[PDB]
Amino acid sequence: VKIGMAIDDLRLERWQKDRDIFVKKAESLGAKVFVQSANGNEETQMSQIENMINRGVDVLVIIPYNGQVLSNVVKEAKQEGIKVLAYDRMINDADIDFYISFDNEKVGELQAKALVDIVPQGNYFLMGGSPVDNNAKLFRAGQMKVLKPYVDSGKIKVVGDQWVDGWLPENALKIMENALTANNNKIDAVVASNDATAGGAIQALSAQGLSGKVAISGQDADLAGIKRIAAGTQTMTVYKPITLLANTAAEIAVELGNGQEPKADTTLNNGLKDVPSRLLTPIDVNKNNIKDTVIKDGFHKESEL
């Protein structure tokens, strides 16, 4: 099997581990991988994809920079019998064959569940991510799925709901400060949607003497987030191991090149079709499993804690 991998952006740390695990795993399955990076550019990506189609790849793996505008290039690929796999970000209104990501709804469920595990009754502030980030709404659906029976039954009372523009720690800091002022510090848990916003909220909580007293969730397992969890000031984070995502995408890619129809958790609509999807299970990280998750995986080093 010939794989073309069109990564939007390899100039950052973002996708580089994904490339390397994907490449080494695909090769080990008996496949050749040609990789290009669009250096953040949407027109470079169109060209590199066209380049792949014209090299005779059997499978395209695309991490899109702008997934609203690859419809023609995908159609062109399908016309040649090439399979398209959308890696991590969905490709919209395109005739793709597969989608692999972590299950973002599950990220939300994990976040809210770790919080009702310790604060089954009390005042909750909802801190969503960017209101233009579709993933932000996904985390919030998962969070609300878990909260619903507690809200409807009066055990949990929602005392604010704000979305953090740009996921900026400093916007999250202001948001939190406003929520604390408006509730005269009576906030028992904060459903923050990532580590960076949680971190800004924690700074507001710290400045009122409430650090360690208010439950707060997160996501990404940022080093600093891992440290706050060890220190008691953040409750939990959700880890999304690259090696798992990259490993599973390679196996799907190879499967797709072999006419086979790979294992899909569900079917997401991209606004043209019901795309089969593997939505990997994300990992709850708390104070007790830091070593067994993010250290073991190599994501962070013990000497760094």
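Residue numbers count along the first chain shown, from 1. First, how it differs from the form deposited in another entry.
Treating the chain as two rigid bodies that shift between these two forms, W167 and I96 fall into separate rigid parts, each C-alpha being assigned to the part whose superposition fits it better.
Between-form comparison between these two forms treats the chain as two rigid units and finds the smaller unit turned 32° relative to the larger, from C-alpha superpositions.
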Given for the second form:
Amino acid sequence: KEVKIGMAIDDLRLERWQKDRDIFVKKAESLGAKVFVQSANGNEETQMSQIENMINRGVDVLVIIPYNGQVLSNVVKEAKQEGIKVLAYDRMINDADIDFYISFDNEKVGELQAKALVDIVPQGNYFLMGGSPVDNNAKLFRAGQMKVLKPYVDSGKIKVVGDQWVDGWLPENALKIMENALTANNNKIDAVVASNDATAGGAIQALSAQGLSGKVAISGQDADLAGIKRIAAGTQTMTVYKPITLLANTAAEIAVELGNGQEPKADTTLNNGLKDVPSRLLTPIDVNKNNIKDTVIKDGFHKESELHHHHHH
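Form deposited in another entry, following the form deposited in one PDB entry:
Chain alone follows, minus partners and molecules.
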């Protein structure tokens, strides 16, 4: 049985997404499946059209990384009435009749970011820099972050001096937000709770412009090559490493199982507003100055030859 798989993704701007695409496809093809991948360029109407096109071409399974997780209910109904199975990849699709969800433990990611900051800045002014306002995961990171932060806020040790979501998870948007926040607070910010590496990068540039980079604690996520370099350089505090290989291989297995009418095993269910979605959650890894070698280098996520490769000479 050749399963046909349509993979509908948000974009390829964050370093991880090319690896999610490449590992997923390779494994799906190794499992005998045929895969068609499309990117929305972060446009919800492009994403709907692409999904609808996949449905019309007769895929057995849709695998979707939603740009906006709240506007896909109808297109999921279109899939279901044709007997197509739907896997939400990395980000929950809300209020939709989907069959399965796979991701990391996203609340835990948030906890790790906040904890690494309170360890070194237990008193001060905190700014909360979330991700895309239409990415369910952004809310999960925020929840995790505040689970750690709330006792400190309550006791008066920590003051939250600002919170903004970063549209599209875009470094440019993150730079501007940090620039304004710095202006509004007279550069009186001690820690930045950035929700991923790409946004941390923008923030770091605005912090540098005020002579504050290396002095303000700042969290992250994804262990992008550039993030690892920032961490080693002392300008980024930490990142949260999530082994893409594990997510993508497991997602490909689940997709093929779904395509054959099999029911994949779940760790738990998560309610998306419509139903309790069977779901699997992988373990994220705290990464800093002192465990780069033992995590990303050892796993081959970023080999030392990649870390040392000259890009411009």
